[PDB]
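Have a look below at one chain only, the form solved without this ligand, in structure tokens format.
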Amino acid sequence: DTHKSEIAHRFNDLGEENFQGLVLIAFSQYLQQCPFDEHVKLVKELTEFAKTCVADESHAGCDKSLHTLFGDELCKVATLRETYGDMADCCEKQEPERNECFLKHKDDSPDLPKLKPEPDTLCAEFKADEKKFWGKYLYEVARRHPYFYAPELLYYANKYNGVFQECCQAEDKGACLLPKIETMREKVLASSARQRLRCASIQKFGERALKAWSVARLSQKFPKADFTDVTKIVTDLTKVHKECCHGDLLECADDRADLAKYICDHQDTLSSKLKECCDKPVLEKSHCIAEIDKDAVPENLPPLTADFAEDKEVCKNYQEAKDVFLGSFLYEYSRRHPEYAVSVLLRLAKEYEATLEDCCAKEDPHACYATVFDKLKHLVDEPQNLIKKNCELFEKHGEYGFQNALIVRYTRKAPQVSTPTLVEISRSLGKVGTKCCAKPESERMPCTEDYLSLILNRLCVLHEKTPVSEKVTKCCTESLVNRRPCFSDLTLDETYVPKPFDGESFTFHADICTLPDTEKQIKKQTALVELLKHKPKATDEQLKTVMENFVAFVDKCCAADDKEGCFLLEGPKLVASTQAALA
């Protein structure tokens, strides 16, 4: 809800420290290139005005919307616009427009230096000023991921500190810290992808899509809940995510706290896994609930054919009460299948929907949709063969082998996409092997579908910033829930006109010899993409030969005395070699 003084309301609800955090996150996600201390000052200033309004709401300005209050604060420190971008055009414009402009200016792949844990330096900062060091962590992560789930970011900031709380007390700082923060960094990135997809769902496919996702999601976590309760929690959660994804972070965090209290207050009718969450403080409590496993399927449930195929009122309910009727279907189908991926559950509901839209226009609707479930049961089969086929490729060729094959397959599907993007996304798609293939059946599809929906979303967010491929635009915008099988159906893009020439686009150099093995990979794989981009019908067999010429060439020259000399005298016969194998 809103109060006359929203700043007062949020500071009271949230308490200073999380108020401060979220305001830092907001500024850092709005101005991802601005320096830390210009932000800290903006936050100290908002905080003081917040305090004023708390003491006296009757004071001037206190009734201003949070947008107003944020933007005039950003616009003061930032007259800086030169090596910024176009954006200082926003400040000039007024509200509600200046805010939209801001939001529109969020950069999904800023080009900021990957940060390298320097254990001693960071431990120093912790001693001087934990608070600053807390906020330092927030600033760094928020600006690299400007849609990161803001109250979850506070949770992570606290764990990041409680880590140095523990290891900065050590003789071996590194051997302590650097395991912890690598492990935590992986979750942070996973959280970041999950949220980018939530914000893509509402932003490009409307609030309806996000709502469907949550019904499916929540029905899997609390399957013993009735559709009334699920519907109430879905409503509250959709609004939490709507606020967070629109930058309304004080309102997000506050509504999320209220929700987490409602869940915990009702835990006896929701899931017995909540016992482990519900005595925790607020942010840990919310995080634990976010992370909750599905529950077991409730026993003694009737068959879905009852309400969904047999009920005389099917077309009636679909026509008269469409969104809630599909909602009910999604809930009932989802609570019965924890072994299903959410994007799959949603795919099934869309196909159920599409069948009714065909069938209810006919003379005998029931004759037409009677068998709808046998059809949907089969849509679950499609992924299985390919998932199976890919896990076999992974077992036989490991992660590297599986990324190289994906690089060939996605370079062929989308040869216009920039080489660093094709490398990044292939490399992430290939990690699905490691993540999912040694799972059992009950988790395997959800594992794979889930993780692919997250990385394909990354591709589409990147592609929206610079659209280059017709077929990518198509799969990204056609249907959210069908993105994975769309990208799968994509074949060699015959509309692509090959890279005729350049002067030796990719050359290996003696520098390569010292890079860490990881980075030597990304160099080989870049070179693979460039090979494919110039000879877009090269065969699997030709491609494996040239990769083998890449590896033989580097091994020979990295093992040479005059390393750079070998790259320069022998480089040329790799170019000819490749030429000769491609004919």
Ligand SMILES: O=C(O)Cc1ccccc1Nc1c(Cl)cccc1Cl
The other form holds:
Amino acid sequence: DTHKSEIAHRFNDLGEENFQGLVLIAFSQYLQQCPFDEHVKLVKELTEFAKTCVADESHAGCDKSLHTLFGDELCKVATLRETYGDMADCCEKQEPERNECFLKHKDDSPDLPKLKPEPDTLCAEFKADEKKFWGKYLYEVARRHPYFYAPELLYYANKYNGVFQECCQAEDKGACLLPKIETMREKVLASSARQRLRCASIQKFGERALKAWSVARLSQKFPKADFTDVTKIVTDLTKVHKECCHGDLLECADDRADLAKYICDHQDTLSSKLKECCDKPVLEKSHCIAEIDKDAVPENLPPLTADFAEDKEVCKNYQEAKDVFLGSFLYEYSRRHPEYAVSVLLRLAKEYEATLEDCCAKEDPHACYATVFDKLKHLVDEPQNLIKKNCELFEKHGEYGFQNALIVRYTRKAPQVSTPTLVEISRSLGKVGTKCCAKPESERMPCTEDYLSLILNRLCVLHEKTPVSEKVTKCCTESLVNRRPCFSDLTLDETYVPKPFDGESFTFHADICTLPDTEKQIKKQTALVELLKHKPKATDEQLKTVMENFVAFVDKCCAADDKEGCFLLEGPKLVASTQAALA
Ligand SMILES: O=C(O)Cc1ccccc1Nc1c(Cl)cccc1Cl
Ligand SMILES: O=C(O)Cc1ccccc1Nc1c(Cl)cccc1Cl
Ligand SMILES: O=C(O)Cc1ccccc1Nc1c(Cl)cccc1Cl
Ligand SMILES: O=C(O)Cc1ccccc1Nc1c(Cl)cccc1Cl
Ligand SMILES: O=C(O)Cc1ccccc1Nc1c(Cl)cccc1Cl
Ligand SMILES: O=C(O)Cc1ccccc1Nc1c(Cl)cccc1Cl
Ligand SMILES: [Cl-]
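The form solved in complex with this ligand, contrasted with the form solved without this ligand above:
Below is the whole assembly, all chains and molecules, this chain first.
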């Protein structure tokens, strides 16, 4: 809800620590290249202004919107001109256009330095000033992930500070904290990906897509709840995500906290797993709620055919109350299959909807849609062979070889895409093998659909930033939930025109020899992509031959006395072997 003085309302509701953290995340995400200390100064200003309005809400400016107050502060910054180019034209503008402009310049691949944990340095900053150290975490993560779910980031900052509580007085510091940080990293990065999808769903596919996703998710977590209660939570959760995805972080966090309280107050009718969550403080409580994945299927439920195929009013309901009805389908399907991937459940609803659009026009609709559930069950099973084949490949060759097989597959599909993006995405796809292939047989498909949804959304976000392939555009935009089928269906892109081999220009040198081992692995994956960009029709056996040659040449020359000399002499020999091989 809104108050006359929104700044006072949210300061009152959130309290000063969380208010400050949230405002710092806002500024970090709007202005990702700006330094920490400049952000801190604006947050302090606004905080101090907040306190003025709490004490006297009649004070000048206290009835301004949050965007006005945020924006005026962003426009103090002189360097907006230098550091952002045509974004200081946001500052030239006034609200509500200004805020929109700022939002549009969030950068999904800002290319800041890779963060590296240095235990002694970190421990000393923690000692010096814990609050600054917390703030610095919020800043560094937020600016790398400009749609990170902001109240979840506050929870993670508290966990981060806890790692250093534990480890800094420990004798051996890095032994204690490096693995903690590694673990936290993978969890934060997963969280950012799941939120980036949520935000894509609303931004690119509309509020109705986000509602659809929410009804499916919530029905797997709280399947014993009634539809009217699930739908209440959907309405609230949808408002929360809309706010967070739009950069309305103070409202997001406040509404989130209210929704956590509602959930906990109604825990007996929603899920027994809430018992672990509901006596925690707000941020941890909310995180715990988010972490719940599923409950048991309620006993004694009727077949879905009753409401969705037998009922004489199926067409009526589809026609007159379409959103409610598709919502009910989602709730009822989801609650019966709480282990399914959400994207699959949505894929089913979409086909159900398509079935009704075709059949409800006919003289005997029921004749036409009576068997729709059998078609849906088949749709669930469609990719089981290929998933099995993928997991068999992973088992036979391991993660790095599985990534290599994916580089080939994906480069053929989308050869226009940049080499760093093809490598990033293919390595992430290969990690799906490790995360999913030793799940129970029956849990593999939902595992792989879930991660694929996240990884392909990353692809699509990177592609939006600089579009290069009509086929990737098409798959990214045709339908959010059928992205995985779309991309799987793509074949070699014959639209692509390869540039010739720069046959006189040989491009590899002895500085490869000193790389850390994982960087040596990436260098070989980069080489593979480039080989495919020059000879996009090469066979698997050809690419293997050439890559084998390449790695023997690198090993031979990195072990030589004169290393660069070997690269220079034998490099031309490599190009010759390669040519003969790619005929
Ligand atoms: O304010 C303090 O006492 C500690 C401190 C030191 C350096 C930088 C920031 C902060 N605190 C702080 C932070 Cl970490 C973020 C936003 C607003 C404030 Cl006041
Ligand atoms: O490592 C990342 O890419 C982000 C990330 C997520 C969770 C925890 C830490 C980090 N990065 C990071 C590192 Cl590597 C060191 C010190 C402080 C930070 Cl925020
Ligand atoms: O729209 C809302 O705020 C919640 C609501 C309540 C009852 C029925 C449908 C909906 N929303 C909704 C919509 Cl608009 C589309 C697909 C799935 C759902 Cl749950
Ligand atoms: O791509 C396919 O045809 C099979 C398929 C279906 C559902 C989910 C994932 C996958 N494939 C797949 C798998 Cl199983 C793991 C890692 C990367 C990919 Cl592309
Ligand atoms: O030498 C280069 O990097 C460019 C070039 C020119 C002619 C023939 C092949 C290549 N590159 C090349 C070779 Cl020779 C082997 C494996 C991977 C690559 Cl990218
Ligand atoms: O030398 C080899 O053949 C192993 C190798 C090294 C670097 C890059 C790729 C490959 N192998 C390879 C190739 Cl070229 C394609 C698909 C799957 C695999 Cl394992
Ligand atoms: Cl949440």
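Residue numbers count along the first chain shown, from 1. Whichever C-alpha set is largest while still superposing within 1.5 Å between the two forms counts as the rigid core.
> If you fit the rigid core between the two forms, which of 301, 80, 354, 492 ends up with a C-alpha shift of 2 Å or more?
By this measure, the answer is 80.
> Examine residue 506 after superposing the rigid core and state whether its CA is displaced by 2 Å or more between the two forms.
Yes; residue 506 is a residue whose C-alpha shifts (by 2 Å or more) between the two forms when the cores are overlaid.
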